[PDB]
Every structure is written in structure tokens, then in C-alpha cells.
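In C-alpha cells, one chain follows: the form deposited in one PDB entry.
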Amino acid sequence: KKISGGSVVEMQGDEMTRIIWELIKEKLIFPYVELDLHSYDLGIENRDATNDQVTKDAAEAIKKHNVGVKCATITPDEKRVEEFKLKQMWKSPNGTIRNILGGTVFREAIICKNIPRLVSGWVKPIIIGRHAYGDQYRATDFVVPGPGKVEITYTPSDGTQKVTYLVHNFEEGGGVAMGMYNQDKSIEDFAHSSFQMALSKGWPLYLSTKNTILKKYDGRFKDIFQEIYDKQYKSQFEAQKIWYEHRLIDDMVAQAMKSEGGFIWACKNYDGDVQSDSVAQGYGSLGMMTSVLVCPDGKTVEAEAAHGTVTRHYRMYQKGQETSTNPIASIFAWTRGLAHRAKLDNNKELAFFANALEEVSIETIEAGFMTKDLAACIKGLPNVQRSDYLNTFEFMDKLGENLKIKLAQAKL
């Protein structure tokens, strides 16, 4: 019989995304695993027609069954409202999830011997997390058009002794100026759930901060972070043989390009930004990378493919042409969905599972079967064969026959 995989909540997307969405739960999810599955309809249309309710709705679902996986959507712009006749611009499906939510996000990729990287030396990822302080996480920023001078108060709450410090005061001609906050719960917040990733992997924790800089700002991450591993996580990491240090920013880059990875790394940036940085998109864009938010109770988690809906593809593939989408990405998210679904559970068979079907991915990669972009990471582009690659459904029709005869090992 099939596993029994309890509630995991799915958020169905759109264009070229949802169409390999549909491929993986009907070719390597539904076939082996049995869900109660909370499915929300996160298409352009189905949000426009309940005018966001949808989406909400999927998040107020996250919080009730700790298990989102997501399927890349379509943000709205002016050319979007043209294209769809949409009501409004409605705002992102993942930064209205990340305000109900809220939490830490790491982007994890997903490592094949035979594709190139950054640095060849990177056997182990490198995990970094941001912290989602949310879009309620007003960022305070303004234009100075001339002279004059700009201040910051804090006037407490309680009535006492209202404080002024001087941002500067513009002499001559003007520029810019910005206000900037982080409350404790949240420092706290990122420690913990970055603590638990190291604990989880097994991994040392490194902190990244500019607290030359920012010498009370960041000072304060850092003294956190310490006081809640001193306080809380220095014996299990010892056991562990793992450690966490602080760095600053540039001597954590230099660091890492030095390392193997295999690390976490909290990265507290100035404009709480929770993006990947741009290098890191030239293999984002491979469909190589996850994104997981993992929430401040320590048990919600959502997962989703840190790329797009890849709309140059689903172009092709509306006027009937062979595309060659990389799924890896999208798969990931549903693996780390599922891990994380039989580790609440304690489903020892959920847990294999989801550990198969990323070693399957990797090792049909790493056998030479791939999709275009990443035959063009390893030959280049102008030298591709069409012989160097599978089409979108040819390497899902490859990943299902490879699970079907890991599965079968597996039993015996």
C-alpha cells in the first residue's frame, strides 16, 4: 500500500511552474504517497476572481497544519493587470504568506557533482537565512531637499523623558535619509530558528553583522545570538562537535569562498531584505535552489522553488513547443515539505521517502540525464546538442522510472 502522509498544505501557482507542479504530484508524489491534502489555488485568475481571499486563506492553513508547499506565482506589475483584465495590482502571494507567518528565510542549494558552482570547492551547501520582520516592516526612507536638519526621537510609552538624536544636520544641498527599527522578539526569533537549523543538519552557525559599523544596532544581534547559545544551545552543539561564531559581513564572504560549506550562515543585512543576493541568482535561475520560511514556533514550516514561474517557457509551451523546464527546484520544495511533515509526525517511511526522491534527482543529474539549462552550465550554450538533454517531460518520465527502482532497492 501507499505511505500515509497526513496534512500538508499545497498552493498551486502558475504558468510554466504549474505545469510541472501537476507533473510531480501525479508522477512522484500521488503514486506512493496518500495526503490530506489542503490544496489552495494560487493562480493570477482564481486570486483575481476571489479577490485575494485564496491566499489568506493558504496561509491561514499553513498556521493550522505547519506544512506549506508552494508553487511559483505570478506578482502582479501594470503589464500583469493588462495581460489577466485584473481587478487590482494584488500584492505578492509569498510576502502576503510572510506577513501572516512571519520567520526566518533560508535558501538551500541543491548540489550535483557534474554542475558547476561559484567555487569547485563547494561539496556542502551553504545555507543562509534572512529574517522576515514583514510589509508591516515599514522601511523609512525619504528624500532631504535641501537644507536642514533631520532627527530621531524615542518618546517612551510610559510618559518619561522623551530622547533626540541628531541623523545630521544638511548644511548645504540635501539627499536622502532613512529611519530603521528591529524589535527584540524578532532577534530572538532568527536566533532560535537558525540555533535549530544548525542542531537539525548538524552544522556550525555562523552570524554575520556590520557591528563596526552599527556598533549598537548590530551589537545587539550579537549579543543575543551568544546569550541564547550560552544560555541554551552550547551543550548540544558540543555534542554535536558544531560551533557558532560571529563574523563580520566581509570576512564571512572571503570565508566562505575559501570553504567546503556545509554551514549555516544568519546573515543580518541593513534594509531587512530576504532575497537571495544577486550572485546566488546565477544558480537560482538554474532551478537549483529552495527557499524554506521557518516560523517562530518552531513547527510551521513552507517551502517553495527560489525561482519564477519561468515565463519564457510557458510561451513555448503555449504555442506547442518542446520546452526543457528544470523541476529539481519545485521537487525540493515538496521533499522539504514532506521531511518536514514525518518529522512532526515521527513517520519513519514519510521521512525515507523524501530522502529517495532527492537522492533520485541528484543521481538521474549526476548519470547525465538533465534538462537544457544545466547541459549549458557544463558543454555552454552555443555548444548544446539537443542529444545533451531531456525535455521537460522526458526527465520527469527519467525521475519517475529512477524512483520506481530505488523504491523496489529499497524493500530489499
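Residue numbers count along the first chain shown, from 1. Whichever C-alpha set is largest while still superposing within 1.5 Å between the two forms counts as the rigid core. What changes on going to the form deposited in another entry:
- Among the candidates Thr104, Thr335, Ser208, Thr300, the CA atom that moves 2 angstroms or more between the two forms after core superposition belongs to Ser208 alone.
- Once both forms are overlaid on the rigid core, the distance between the two CA positions of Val81 between the two forms is under 2 angstroms.
- Annotation for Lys91: C-alpha shift under 2 angstroms between the two forms, rigid core superposed.
- Taking the rigid core as fixed, one finds a CA shift for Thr164 of 2 Å or more between the two forms.
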The other form holds:
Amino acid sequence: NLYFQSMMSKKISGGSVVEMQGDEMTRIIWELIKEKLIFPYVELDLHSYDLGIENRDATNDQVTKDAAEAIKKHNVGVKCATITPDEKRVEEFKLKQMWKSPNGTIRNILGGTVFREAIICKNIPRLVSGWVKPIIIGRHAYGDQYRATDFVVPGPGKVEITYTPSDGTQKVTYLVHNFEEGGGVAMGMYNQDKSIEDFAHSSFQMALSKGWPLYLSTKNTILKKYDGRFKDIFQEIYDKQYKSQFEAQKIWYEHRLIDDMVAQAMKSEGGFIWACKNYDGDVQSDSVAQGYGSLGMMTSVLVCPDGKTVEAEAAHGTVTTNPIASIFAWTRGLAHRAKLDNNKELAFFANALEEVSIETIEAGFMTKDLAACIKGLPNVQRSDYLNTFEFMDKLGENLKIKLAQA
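Next up, the form deposited in another entry in place of the form deposited in one PDB entry?
Below: the lone chain, stripped of partners and molecules.
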């Protein structure tokens, strides 16, 4: 019967995508984006996992692990912002327990490097004067504080850390501290050579791809072994495989100590790749995003080690109405889907939604937070901005106009 029916869609054939629905207001906006900007124009084979807090509670966090496995399988995730619950959220939402970070879980499973960068609009002023070009952070997605084991130390006693080799070689025990004073806290943490090796590769690849120098930040003067391993693995790798390519593009790779690097970034004019360790990537990406003008205006795409799988996300929720991050999580995921499938139509679509998003804002049609950034929240009146629904409609109006013209 497949030969006899021509039941092929008038929409762009979008292909396979794993979606992860999120929390709060972002979940609401997500749907609006789906209904007004994506689905009218693109048919998709969506696999949908509800990662809202309330469904994670219902499925004892299993849905998160399944969402992650589905991403391994279909190669593209697009995720809405979610809650990582604290003490008070457990009470508020009558939850079973404090579900660990879903992003942590997803990233542990998938692996890779999370590339984050501002979404720049000519009329949204920067907070840092000299940043005339973008700064791209590659956040190492694995290990460190995100897969640590931390605990309270109730009283006097000795915390030790040990390593028992797989083979026969005996144990190595190291004192961490001898509490004789009272109690405190203690943690152990780790990372792994292959993950680090992958981290490096991606960073070198991004640098080459943009034509920009790369810096890795650590604090190997203090963490001589732990961070020394990062510094070493990157240097090794750069010398063997990338130095010549880099010299050919008139760019370079340097290690920097973390505190020097943040000052360097702040003093810079932009236009470099910044390889960061997990925590640092988490911390510096927010700073950089806010420095470009808005915390919400940011892309964030986990690029897996397999050179194929990708998870795009809206990284921030409501900050404490801006749909652009969510919009661009869809466009970046679809741009990548179009890459895998060699679909010129899908990639034209993704790119056009992005342009229209930015042209709309540049033309003076924007949500309240963006209008706050221009003239200060105290000075903002109703007529300066569009509400969530009105903004989405206005983007719909303009996306339709621009997709017609092709």
C-alpha cells in the first residue's frame, strides 16, 4: 500500500528529534514556540519526555535517564529548562525527595563539551565595553563537582582517600584531614582521561572551525596532579595533532591559570574559544552571557564525543518572559538534525527563525526584560514591550513573511 498513497506532508520533513519538556514558565513558552513557530512548518518524528519536576517525581527520576538514552539513539535532544529541587521545592511541590540535577544526569550519560555563547542583538547594550566579538565557552560536561561524593563530618576523626588498583598492586591511602577540632565537610571527586581527551579535541576543533585562538583555564599550581592532567592532556594533543593547523590559521592555544583568564577575558575584545572545566564553565558562562547584555540570551549545545549526537538546551529558566533561548534551543537542534540528514530545507528553516528572532528585536519589538536592558526597568512602560503572546505572534508574522520569500 505504500506505493499507492502519496501521503507526504506539505511541511518540511524534519526527522527524528528527542524533546525534554521542562518547568515553570519556560514549559509554557516551549509549547507556544512549538505551536506558532515550529509545527506549522515542520513535521517531526518527536519523541517526548516530560522532565518537568512533577513527572520526575512520578517516575523516580527514571524519565531523565530514558530521555538521555533516547538522545544516544536518535542523535538530537532539545531540552527545556528544568528545576533542580532544593529543600523548599520538595515541600512546595510535595515531592518524594531531592531529585539530583537532571542536566547532570543527562551530561554524565552522554558526555562531551557544552558550547555556550551570547545571542547578540545590535540594540541590547553590553555591560562589558570592549566585547566587540563573541566569546565561546566550551564547558567540559563530565565529572568534577557534578559526579562528586560529598558528606558531613559529624565530629573528630580521619577522612582518608584511597585507590585500590584493578590488579594486585596494593592500595594507596592518603590522609585528607584529621579532624580533632570538631566536624565539617569532605568530598571526593574525579575525572577520566578519555573524557578529558575528548574535551580537548572538541575545543581544538572549535577553535579551528571559527578561526580563533583557544585558552584552557585550570589552577594546576594548586591542583598539581588533578589540573596538571588537564593541562598535560591538552598540550600533548595540541602538539601532535593541532599545532600545524593552528599555525596555518594564524591562531594559538595557551594554558592560563583560572584567575588570570577571567581577568584576561574581561579585559579582552572577544573572539576566542575558552575551554573550561565543568564548574568554571558553569560559572563563567553566566558571567559572559550577562556581560553581553542578557543572561537569557545564550545558546548552549552539548556536543557529544561521538561527533554526531547533540543536546541543545535552554539553560536558564526564569531568572529572578524571554523566549529566545528556548527558540534557539529548537533552531540549534534542528540545524544539527538538518546536518545529519543533509536536509537543505530544515537548515534553511532553522537559520531563518534565528534571523527573524534577532531582526524582530532589532526592529524594536521585544519582551519586557529586553526593554529593561535598554532603558532600565524603572523607566519601562507597557507600550515599550510586547507580552509573551504578542511577541510570539509578531515572530510568527515575520517568520511566515520570510519563509514565503524563499
